[PDB]
Amino acid sequence: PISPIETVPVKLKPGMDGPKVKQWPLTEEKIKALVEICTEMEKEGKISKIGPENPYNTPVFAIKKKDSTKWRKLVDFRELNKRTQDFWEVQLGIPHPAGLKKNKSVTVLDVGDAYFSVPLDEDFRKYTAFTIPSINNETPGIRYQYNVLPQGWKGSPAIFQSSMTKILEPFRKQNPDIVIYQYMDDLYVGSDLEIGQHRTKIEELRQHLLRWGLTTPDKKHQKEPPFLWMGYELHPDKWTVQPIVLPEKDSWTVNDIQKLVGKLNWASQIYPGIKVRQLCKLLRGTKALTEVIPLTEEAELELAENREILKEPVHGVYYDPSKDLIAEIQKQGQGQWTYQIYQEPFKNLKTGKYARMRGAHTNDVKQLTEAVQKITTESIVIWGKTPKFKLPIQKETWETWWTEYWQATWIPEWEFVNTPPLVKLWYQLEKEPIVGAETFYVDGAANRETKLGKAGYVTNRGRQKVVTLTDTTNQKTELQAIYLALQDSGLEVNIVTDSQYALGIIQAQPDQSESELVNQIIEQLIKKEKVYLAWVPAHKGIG
Amino acid sequence: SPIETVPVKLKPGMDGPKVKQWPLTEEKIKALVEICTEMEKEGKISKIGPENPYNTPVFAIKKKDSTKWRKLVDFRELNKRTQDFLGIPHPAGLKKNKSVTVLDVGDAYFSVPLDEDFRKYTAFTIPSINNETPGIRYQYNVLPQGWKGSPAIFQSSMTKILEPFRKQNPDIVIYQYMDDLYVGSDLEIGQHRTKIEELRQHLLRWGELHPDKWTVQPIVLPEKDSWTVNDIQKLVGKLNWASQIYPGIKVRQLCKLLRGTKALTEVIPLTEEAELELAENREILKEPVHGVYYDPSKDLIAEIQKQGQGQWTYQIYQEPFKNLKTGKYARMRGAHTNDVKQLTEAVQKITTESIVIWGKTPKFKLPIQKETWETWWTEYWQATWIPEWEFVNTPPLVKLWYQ
Ligand SMILES: O=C1Nc2ccc(Cl)cc2[C@@](C#CC2CC2)(C(F)(F)F)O1
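Sequences listed follow chains A and B, in order.
For the first sequence, the deposited numbering begins at 1 and goes up steadily by one.
When you line the second sequence up against the deposited numbering, it's residues 3 to 87, 92 to 213, 233 to 428, in that order.
Hints listed in this document are in silico derivations from the structure and should not be mistaken for laboratory results.
Treat the hints with caution; some may be incorrect.
Said to hold, decoys possible - The calculated label-pair distances, taken between Cβ atoms and stated as ranges, are:
no.: 1; chain 1: B; residue 1: 16; chain 2: A; residue 2: 219; range: 50 to 58 Å
no.: 2; chain 1: A; residue 1: 396; chain 2: B; residue 2: 29; range: 28 to 36 Å
no.: 3; chain 1: A; residue 1: 298; chain 2: B; residue 2: 266; range: 52 to 60 Å
no.: 4; chain 1: B; residue 1: 266; chain 2: A; residue 2: 394; range: 51 to 59 Å
Using N, Cα and C, we set each Cβ at its ideal position, and we do this for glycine too.
Construct all of the structure, not just a fragment, from the sequences and the given hints.
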């Protein structure tokens, strides 16, 4: 079955010439097969015989397809694939089940062999030349060249999709009520028609595909739901998490632990509650992938507690365009967020989790923002719209923060949902000096070379202190300076510094950092009642 | 309906842009597919296969003056790899004009065809929700709007079309920047608006703005009756920083007042010397620094700072501290809750002035996270062009200053 669609013009990479490879010496059997095989597609029109006017060649092989003692072939286009031009990206993006709509019935039509159905570019064919070996290398070489898309060739996938995309455009317009997801050599067709009516349309489309030479399996060979889709198992009315099985075992190797955390982490998305903290600790210092590790009981408790979470599978439902989208977010740990997108409460579409490492110096609100942003995007990619958000943050809070942050930020129409823990600002710097408050003139500096330093302060109330630091850097000095001022201060303080780093860091009301010291300061700040922080030029000899 | 097409090429060695399309909302996709089927009928653009490896991002916006959607392509990458070039001049006229009105003339281009061999370089793609399908691939056959090569090639045609109005109304300035046409006159609002409607018809037959009103805002120094240790501190901080623009500024006399571990709240009187040092400074800041001249051969830069409460500040310079112009901006009525809105409005206003004054888009340094901007800027854009931009972290100092 050969296709009548127009061929895609193909060209070799800028200034390169076709493959000039050899044709491995074969056994009487291997040659016997190929000859028969070729003669088969030869009559089919798949390949044709080419004269000596073709100086190209690609190595051909013969392998007995496992399960069948019958001979099968294979052509090595590696060389060709290198010399071939680039095409557009074949995978725009993965269709996520949560994006699928609910259908009464659906059937998948595996096309597969269709490759050999799509005609190759008339002019490019010559480069697809290959030769058959004579048992003892008598005299000639029974040459052929590909006359259609070749298995394993670079272009095949790319070009097949297109063709497939075209051969479907007409049908796509006619039966809008019908859905068809294109994906590799699979054709996913779902609808809301009554089963019989559906089977009909299937055949209709099926014949349509056949109208262009595309051979597909009939009803009696079509695969039926539920469908094994990347991690998910989906039925016409719902999708389900293909329950995860954790191999219970004696000894554990490093490698094993990795793969475990792999699986485990992937599941964190769906089963929030999964933990790997202890499990991850086992890697520390690992010398070999095949090294075995003594699973700590803490890791035992955790690993077990997981096997339970991964017990109760959880189903989910599909997208209903008529319904608006609702995304809700919860704060799990520090910089650990969970969200779910549902159209009807408890009836989830998707759920994920995010873990934003300490980064540098960030805060919860910012983070939240980053999540909303991330989620927003997923949404535009899956459903084309952005969900209304239900956020654990007081409108007053959000307002106070964004109107005063230096960077442009924003959250789409969202609504406060009183579901603790709520995100809040852990402190705020006074806008002006605190009247009747001690004033600390903190300074810090360290010898970049020796890493020796002093940090200290003096106040309007005559108090003072200084400290010499070993193995430090200038910036840790400036911060330390401030830490002291915060320690020895008391509920209310005015702190002037000449440090720009700090003024920066803190003024950005961060509530978490990579730097322990900052964390220290931060804690100290939350503790205070009122803190005013001022900056002044350094080496200007001020106060 | 073709004409003899001019041959265009990419700068030597360069290859076609291959830019990934950003996910688009449903609402936008529809607008596009609709907008493109018709353009395909009309033979403007044509579907293309996979054998075309290039791509340029595409999307849709809608100006206030129109509830209908408008397609926009991001040729920034393509424009950048396109050969330069018969010419396109820039006047200093409208820079002074009383009133200028911008006209979206993009349309004209679609009349002119595009050199076969180059067309491949305009392949763009319309995405499918949840990737149900490999997006749609098109490629222009005519001059694309927003491509630097279009106003050029359509140079001839344009000049002609205009000449009448030109020397017939010479008391008017006409500038063209890509898909836009800037018209400036000192003729009072009545005549200006009517003359404009007059010119429209002239073009249609074929197929508010106020310069000077924009004066670089001087850096003002606050006046107190009494000063607190903090007040002087804040002040000295600003001047110190400002000496970078005016080396004339001195701060020693005030720094003297700050000697001692005093309480920020403590009140302090000014020595007659500090009174002078200050007064003298005030004067210096009364005018923009000497020696700042627009160097056409260098990149123009725009820096913006969120001042909050709705305000934003920005500066255009080629060399740090040698601003060509600085300004402020108060959020448009309505963007009262969303920054991105404002920032995109702000960027656009500036890019415009830029064009008006130097006929060159500034490169923007934006106070926002990339992710944020990329996610929502398209929602508020209403300009045919797209300037270059980078994201940064506003050094609080450069902020208090312009405040
Ligand atoms: O939007 C829907 N609805 C749907 C509902 C249940 C199932 Cl099991 C499958 C689908 C479907 C798909 C698909 C694979 C490509 C992902 C189909 F296209 F209909 F086949 O996409």
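To see whether the hints hold, each was checked on the structure:
1. One distance hint, 50 to 58 Å for the beta-carbon pair residue 16(B) and residue 219(A), holds here, with the actual separation near 53 Å.
2. About 32 Å separates the C-beta atoms of residue 396(A) and residue 29(B), a value consistent with the hinted range of 28 to 36 Å.
3. With their beta carbons about 54 Å apart, residue 298(A) and residue 266(B) fall inside the hinted range of 52 to 60 Å.
4. Evaluation of the 51 to 59 Å hint for residue 266(B) and residue 394(A) yields a failure: the beta carbon distance comes to about 37 Å.
Checked against the numbered hints listed earlier, the structure breaks hint 4 alone; every other hint is satisfied.
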